[PDB]
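Presented as structure tokens, the chain that follows is alone, the form deposited in one PDB entry.
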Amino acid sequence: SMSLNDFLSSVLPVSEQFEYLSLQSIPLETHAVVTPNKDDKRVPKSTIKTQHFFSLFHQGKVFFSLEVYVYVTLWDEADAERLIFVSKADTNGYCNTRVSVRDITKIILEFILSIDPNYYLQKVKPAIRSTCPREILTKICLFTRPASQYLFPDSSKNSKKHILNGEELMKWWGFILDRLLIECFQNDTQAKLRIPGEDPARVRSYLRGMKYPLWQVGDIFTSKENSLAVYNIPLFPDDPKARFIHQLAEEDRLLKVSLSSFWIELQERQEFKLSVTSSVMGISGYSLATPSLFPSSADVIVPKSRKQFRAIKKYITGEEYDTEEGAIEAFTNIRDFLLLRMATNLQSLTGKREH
């Protein structure tokens, strides 16, 4: 079982020096990721949410960042689900070398994917029952909407900062989740793609080119397309789907709109209506190898205080990247904050993948 350090270096340029930040929050007991339904024999007992924020630096300059949320949902002193929600991924082009951002991300997901679900449960206070890893349903959800910046304010400037476009960006993640499906899930895992830009048979035309045999247009919350959105759509942070659901609660329509019309109406919300190409990817299956990794001090650093967490992360999402000064400052601040208030050095690693 590899470490984050082993995973990373394995996909970063050969013999090159990089240092990374693996910031995790303290597992928290919060509300159901999906609005509960009274007429449902099943209503979750516990929904443990926790955030993973990663950062990669190259010679004192941060150039990439990934914001991921993991939801561990427990139902009947036996059943459990772990949803890995990819929220934000951004670059700022300030690394003197060229790296495969597509690969870094995939590997960071393979890592988060290998974390034993009880790792999050044990940290929760008071103690929360433990489920069996070999049989926890695992899901990945992501919403691809290309943008200027997401974690690095104003990095849009920096002449050389590749920014994919809706479609380009949709084939990028596509490649990643496909690679994950192939080497991490079982032969019967649900793999869904849905582009509310329409062309139902155009999505199909694209999925044909995937390696995993089971991609299908659709999402992983839609079973019976006539069910009510509210009881099936998950409400993630800063997510477009959640946005629409709260709109639907203003207009007292929650009880009226079905999943079917939900997607049809989701597009015209100014978030779409032609404006850029957005897609919704989803995976729901069982891991190939049962997850049993418990992150170390080297794999993850967990500031003990939601405040201290927000502080460290602020040092990245709070800079000015209209210039390379920000990339340098972000680095400095973190390395310095770590070494001076947590007695910890940014994990360092030499590349390893040839060309």
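Whichever C-alpha set is largest while still superposing within 1.5 Å between the two forms counts as the rigid core. Residue numbers count along the first chain shown, from 1. What changes on going to the form deposited in another entry:
In a core superposition between these two forms, the Cα of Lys125 is the only one among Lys125, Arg204, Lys211, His162 shifting by 2 Å or more.
Shown in the overlay between these two forms, fitted on the rigid core, is a CA shift at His246 smaller than 2 Å.
With the core held fixed, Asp188 shows a CA shift below 2 Å between these two forms. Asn226 shows a C-alpha shift of 2 Å or greater between these two forms [criterion: core-superposed Cα displacement of 2 Å].
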The other form holds:
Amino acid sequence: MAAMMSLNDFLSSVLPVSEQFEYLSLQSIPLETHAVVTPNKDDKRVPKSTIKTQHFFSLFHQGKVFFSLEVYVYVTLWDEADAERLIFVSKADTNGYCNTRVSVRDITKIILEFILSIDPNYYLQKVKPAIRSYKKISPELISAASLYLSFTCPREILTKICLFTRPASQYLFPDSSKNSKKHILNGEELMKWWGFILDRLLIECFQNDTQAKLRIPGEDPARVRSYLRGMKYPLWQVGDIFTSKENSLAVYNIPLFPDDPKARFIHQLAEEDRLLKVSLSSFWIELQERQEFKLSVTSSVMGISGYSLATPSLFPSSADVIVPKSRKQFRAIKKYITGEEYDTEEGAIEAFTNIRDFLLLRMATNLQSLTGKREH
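For comparison with the form deposited in one PDB entry, provide the form deposited in another entry.
This part shows the chain on its own.
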């Protein structure tokens, strides 16, 4: 954290010179959650705790939202000296209501790099417990006469990035594909768009001994390998970061993320009682063969696993992030973006005006403004 420290610093460095933008950086209160990967009974170490935090970002220009990004950070604790973090990139989207040229690719990369700079201890200082104790008072006692957990871990811990590329008309902006200015990448372009972002993350932010993995489920590895040849990070391989013998059973290896085609298919296997039957190999085949084919669309899975070049030591300021007091408040603010109709620019205007009004009135806070620094 030497040149660029703030989320303001990071966004500004990739946004066009002298142009003005605003951002929403919204964050849930960290909470205890189920392990990312289902534990096996016959394993010698099960996580002490798994802590999950959502970062939701929205970028604005000229009083209109135009981009949003939803990311989940999981800190998995095995002991005091033994921990891992994983950044799951869940949904990125645009609505086409921006009248200036920006690189959404670079905005997306730079956001993840801000996130990579956060000390995992930031999420561990105040954590909502998975099980809360309550004493409930029966109304019978009224007459006519009347806790957060905390943890620590090392700053420099094993860092994972996971994402599933799959194009759609929209993920965060309903009916935005009705906007003729919205630019939708096809599956192949989108896989390349994310592979470019990850390649730069590896080169700018990770040590040279880092695992970098790409698979295209149900497809022969010969296609994957050819593409990887153009990467600048020297250690990309075909496959994933889940591999190895927790047994070959998919359920004890596949991570389970919100709204992810994985989890969705593990859940179908659960309903079919086949969790103790399907190997990782059959998994990737049936994922495509039985579930993902209906989308008629090129999809890929990408994983990174390794150590950051610089020790993450940022605790985001109130400028960097807004953490609502409440889960209801988090949800109401996010829904001003995600519950809007974007078939006209009026949806992009209304999202901005509702968000800024909510923040000002309920939380005495503004959207942050940015002046771009990148020349052409």
